[PDB]
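Starting from the given sequences, assemble the full structure and let the hints guide the process.
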Amino acid sequence: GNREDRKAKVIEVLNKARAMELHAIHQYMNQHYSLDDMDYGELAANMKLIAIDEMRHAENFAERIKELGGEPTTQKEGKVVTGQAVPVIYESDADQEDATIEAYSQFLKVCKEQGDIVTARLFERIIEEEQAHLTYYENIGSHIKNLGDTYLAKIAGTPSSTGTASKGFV
Amino acid sequence: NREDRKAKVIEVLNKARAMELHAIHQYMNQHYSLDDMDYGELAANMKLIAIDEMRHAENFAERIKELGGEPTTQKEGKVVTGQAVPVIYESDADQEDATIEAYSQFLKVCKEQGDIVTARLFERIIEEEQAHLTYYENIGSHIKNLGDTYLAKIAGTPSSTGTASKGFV
Amino acid sequence: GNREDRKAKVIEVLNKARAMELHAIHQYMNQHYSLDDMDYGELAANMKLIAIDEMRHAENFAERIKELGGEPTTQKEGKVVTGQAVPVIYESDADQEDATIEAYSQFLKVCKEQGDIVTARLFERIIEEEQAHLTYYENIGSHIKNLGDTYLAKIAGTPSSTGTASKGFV
Amino acid sequence: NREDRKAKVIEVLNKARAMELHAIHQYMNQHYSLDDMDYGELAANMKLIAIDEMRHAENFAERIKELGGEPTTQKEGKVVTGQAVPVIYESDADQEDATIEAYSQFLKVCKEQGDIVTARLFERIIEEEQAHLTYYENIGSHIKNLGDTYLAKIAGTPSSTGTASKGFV
Amino acid sequence: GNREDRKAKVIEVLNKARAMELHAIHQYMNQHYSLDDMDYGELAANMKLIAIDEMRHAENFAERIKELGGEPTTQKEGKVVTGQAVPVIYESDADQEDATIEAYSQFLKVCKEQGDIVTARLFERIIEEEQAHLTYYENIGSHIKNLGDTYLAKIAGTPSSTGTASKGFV
Amino acid sequence: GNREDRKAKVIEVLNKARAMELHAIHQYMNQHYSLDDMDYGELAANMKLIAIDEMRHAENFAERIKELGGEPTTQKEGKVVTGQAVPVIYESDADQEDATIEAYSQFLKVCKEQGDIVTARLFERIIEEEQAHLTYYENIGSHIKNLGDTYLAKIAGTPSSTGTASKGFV
Amino acid sequence: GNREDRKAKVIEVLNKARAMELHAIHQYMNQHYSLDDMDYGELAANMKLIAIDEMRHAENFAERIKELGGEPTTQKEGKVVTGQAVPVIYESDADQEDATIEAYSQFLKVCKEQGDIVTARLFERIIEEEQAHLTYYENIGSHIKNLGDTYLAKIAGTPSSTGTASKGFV
Ligand code: FEC
Ligand code: FEC
Ligand code: FEC
Ligand SMILES: [Fe+3]
Ligand SMILES: [Fe+3]
Ligand SMILES: [Fe+3]
Ligand SMILES: [Fe+3]
Ligand SMILES: [Fe+3]
Ligand SMILES: [Fe+3]
Ligand SMILES: [Fe+3]
Ligand SMILES: [Fe+3]
Ligand SMILES: [Fe+3]
Ligand SMILES: [Fe+3]
Ligand SMILES: [Fe+3]
Ligand SMILES: [Fe+3]
Ligand SMILES: [Fe+3]
Ligand SMILES: [Fe+3]
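Chains B, A, H, G, N, C and D, in that order, give the protein sequences. All residue numbers for the first sequence refer to the deposited numbering, where the first residue is 3 and numbers rise by one. All residue numbers for the second sequence refer to the deposited numbering, where the first residue is 4 and numbers rise by one. All residue numbers for the third sequence refer to the deposited numbering, where the first residue is 3 and numbers rise by one. All residue numbers for the fourth sequence refer to the deposited numbering, where the first residue is 4 and numbers rise by one. All residue numbers for the fifth sequence refer to the deposited numbering, where the first residue is 3 and numbers rise by one. All residue numbers for the sixth sequence refer to the deposited numbering, where the first residue is 3 and numbers rise by one. All residue numbers for the seventh sequence refer to the deposited numbering, where the first residue is 3 and numbers rise by one.
Honestly, the hints are just simulated from the structure, not real lab data. Among the hints, a few may not be true.
As the list claims (entries may be wrong) - From the structure, some residues in chain G lie toward chain H, with a derived Cβ separation under 8 Å: (1) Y35; (2) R58; (3) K68; (4) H135; (5) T164.
Virtual Cβ for every residue (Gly too), placed ideally from N, Cα, C.
Here's what the structure looks like:
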């Protein structure tokens, strides 16, 4: 394809990827609010830390989309599921991360076909981080499924701090 | 009734939260534009303001959980894209002023529902919004009065907002 | 015997011992990969640490074999059992350490018969370390057998780090 | 589809892992020889390279577990003992070269099966095999070309690879 | 093809790449001398810093060529244009970096086609650094276009230092 | 062409089809023996019942080939894959059914082209049965994907009977 | 021999027997298609009923193979002869049945030598069914040789039903 058609096709999967990230951000932070309300601090904190990874992903995708002359989407892909119990949170997030890695592998392929090496390397790096999320969610989900109350009693009342407050303007 | 009182506060909390999610997306979209335009200091403060809005969304969600409600996941209204630099600051000042007006009405509902904790939350966040409003009005005025002289000063400045934020990986 | 005959009889028990160490390294690391996969950090780390003790044993035995003019074997003795469940890991590992100490104590006798004091001291030292492994495996097996999942639930999600990344060439 | 692709990756991962298991025993065997000869610098680097191959074996095993398979416990090929110094470095350079050629094909399978994580694993390890290859080529050339003054420099040098590794006792 | 033919084809793209780097070095340093003469310090400094990036690229390409048994070229590809006015400097440099990323992306495919993974990775990393250069040059060119002398008045008289004098023999 | 030419062209695709059914019988029964061995009764039973469907297809094809005066083949098309795990069983069986329907749709077009209405109807009815098979395999593969061990646990120990022992001679 | 050796030798003659059954299913069903085409119903019916007995034999051999940890063959033993005339069908099936019985009697011996009582009784029960097959084929063969068309005149146009359509998936 010509130069502008190669960018357009790459901007298209980047925006699909970014919409997935926007969904994950709202989805994982929703679960974080429940986990915190439930006073399972270690889980709440790690959920928030993974949501911040997705925020970074959404930001990196947008930055690349700008580099290529496109408009970064503001709409999330799909609907957020609320009110999930603990076992369902981890079941669903594992599936979600597994779906993301499959989709991004496909997007990576489109970048390689459009001769866009910089964008493909971006997906490569972010897919490796999605793998660390997936592994995390699969491990928690297994402990809940297999060990029940003794596992959660260990998490009950743990600290939920994710560190010093975010840099902001005020 | 107690339940009555909680439901009405949760409602204005979710309305406010929906406005914060809009602001996060709106402000980050402008940040992507300013960064792309290489107006680093402007891009950086826009993103820092967006992060304050993220904190507001989170504080609202946390209080909604304390009241037994469900924090909304949907933003209020639509994000405007492709705004020129003067439009960014003019419309953001407009939005901040509208947010303060709305939250001030939400606060009064909290007071009427006898919810002191939630009213204090609105009060603290309204003071942050005022800081945001003053910022946007100041930049708009510099762009108004000085034009390209002011742009020329921001052109090529650092865009860093500091250390990359805490993540899982 | 004569000198060469004495050395040859000692190189033979050293190579039998070394072959037992080569097996333990593969067996314990196989179980390590499983325990890690199950996300029992503390158990996974200690299994790997014991496998590293077995690596050192294999090396020490090889160095003595060279000192004696022999050739260090490269073949493991016996077959590695894969897919063992957690209680089965600890019961078979304790059995194996116990058998190891019995065999090394007979190898040690050979060294003494052949008037090889340095090699006998090497076996005595290593036998003491096998005892440490044995006691470790017996205790874990006992807690699993007596307390089951209430105990395992406390290992779940614990750190698995064995320390700083391995010195290597690259 | 998913399940066939996964199966094909586990197969090349175990083939690579079986090659690492071979490399570990082969290089440590040569290490014992170099040490017995009292060529300390050569002995130390041989063991250090063997520890990289251990790390490789381990990383392959971890990824195989991640994909649901069983890491192999058998080495690929026979280990050669009694090799003299020149043969050690000729043969090791040839092994590393074949390893790189085999892993480049394994990498291609991974790309073909859409496994990005496993493909990047092979990419990082191949870069380390290239460092091993260069090292053995260089040593082979000094041994071939610079004779006894080069061995006398190595004679009696330290063979230590650091502190004794983290163990259980 | 066979081992030899695969190496020769990769050495060929490596030397075409190196020749482009040698041209960039002379081209950007020529512009550096003009900018420094004009006393546009920050512009002169970053131009020399980018040239030093191209110097590192040429060296890395040469090292790989040696590794593959080839001879690193010493000839630059193309002619250096001299006496460029400031707008032409940033417009032509952006076009140049664009053309380099396109070319290198074709060279990368050859590497993969020749099954040369180490060399493909070299090209991938350098392409990311060319993308940083491209972004810089587009940004300066855009400020000159949008603000003109108002922007340069800001650069006039700034420090031109690239740091401490570079390591050498004397 | 002529009458015997038209029969010969039809007998040809009918034996290709028959060779595909013979393959399907051995392949699905192979999987049935695995599933039975695994004690996944309901899965084992339905796999055998689809295999009996394929036997009826093989028979119907043979009967038609005889009506057109040909000789029904006794050799299956392709190799039978053994040792398949459960996720692989359903994934490949779906692909296989999908390919059958594709193939039979082309065979049916030859029948219409050779003016053979009776055989075209035969292909039409069997393709509708293959679609039932395809839908079934897609459904199980979905449950195995999305629900994993929770779905297998429900199947574990279920009855494997396909009904009364088949009519035989003894 | 040891436990695994005994199982492997029994698995080997079980797979041999299974390969013979797979041959017998194809061979006899080929003859069935001929007998039905000729409109000799009772002959066609009984031939199919015997092939179904061989289907159940092949199934029982494979289930026992799975019990002993083996893999049931998917390959038939020998060539299937197609296009056979009626006098040739019955003479060949009788010779085939008598050879099967001689062969299974030897396989039975192996089982006894390998201490496999359950497998020996399986062969024993199937050999008694093969004997019923043999007698049937010998009797029809004799009527066709001794009475010819007078006997077949009785079979012409008889029902060929082997009962109700066997249960399947659709
Ligand atoms: C809370 C909360 C929400 C609201 C979600 C909800 O559903 O309530 C929330 C929402 C979002 C959303 C959308 C986006 C995506 C913006 C876009 O691309 O349009 C989004 C994007 C970002 N967030 Fe975000 N957030 N957010 C934090 C908390 C929340 N955040 C905390 C804490 C940190 C702290 C980071 C740190 O300290 O390093 C933080 C930082 C960032 C960065 C900064 C990245 C960097 O420089 O490394 C980016 C970009
Ligand atoms: C000695 C010796 C042998 C015997 C081989 C022979 O043929 O004689 C020996 C053999 C093996 C074999 C197999 C494996 C493969 C295990 C597997 O994947 O199943 C095998 C595996 C590992 N080794 Fe190993 N060894 N080994 C050391 C010495 C020896 N090692 C020393 C020393 C250290 C240094 C520890 C450190 O500093 O990290 C060390 C570290 C490791 C690590 C840890 C890497 C890490 O955490 O970064 C792993 C895994
Ligand atoms: C078991 C087994 C095998 C061996 C496969 C293996 O790899 O182990 C096996 C193999 C085959 C093979 C080939 C064919 C194809 C023969 C040909 O057309 O040449 C083949 C053909 C048929 N089978 Fe078959 N079988 N088979 C059963 C079990 C097995 N069968 C059971 C049970 C029933 C039960 C009958 C019922 O109730 O419908 C049954 C019925 C039939 C019918 C009868 C259909 C009808 O009249 O409705 C035909 C035709
Ligand atoms: Fe993400
Ligand atoms: Fe993720
Ligand atoms: Fe706000
Ligand atoms: Fe605000
Ligand atoms: Fe030991
Ligand atoms: Fe031990
Ligand atoms: Fe390696
Ligand atoms: Fe290597
Ligand atoms: Fe360059
Ligand atoms: Fe460049
Ligand atoms: Fe069919
Ligand atoms: Fe079918
Ligand atoms: Fe039979
Ligand atoms: Fe029979």
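Right, here's what the structure says about each hint:
For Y35(G), the interface hint holds, since its Cβ comes within 8 Å of a Cβ in chain H; the closest pair sits about 5 Å apart. Contact between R58(G) and chain H, as hinted, is supported at the beta carbon level, the nearest pair being about 6 Å apart and thus within 8 Å. Among the interface hints, the one on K68(G) holds; its C-beta lies about 4 Å from the nearest C-beta in chain H, closer than the 8 Å criterion. The interface hint given for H135(G) holds, since its Cβ lies 7 Å from the closest Cβ of chain H, which is under the 8 Å cut-off.
Taking 8 Å as the C-beta cut-off, the interface hint given for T164(G) holds, the closest approach to chain H being about 6 Å.
The structure agrees with every numbered hint stated previously.
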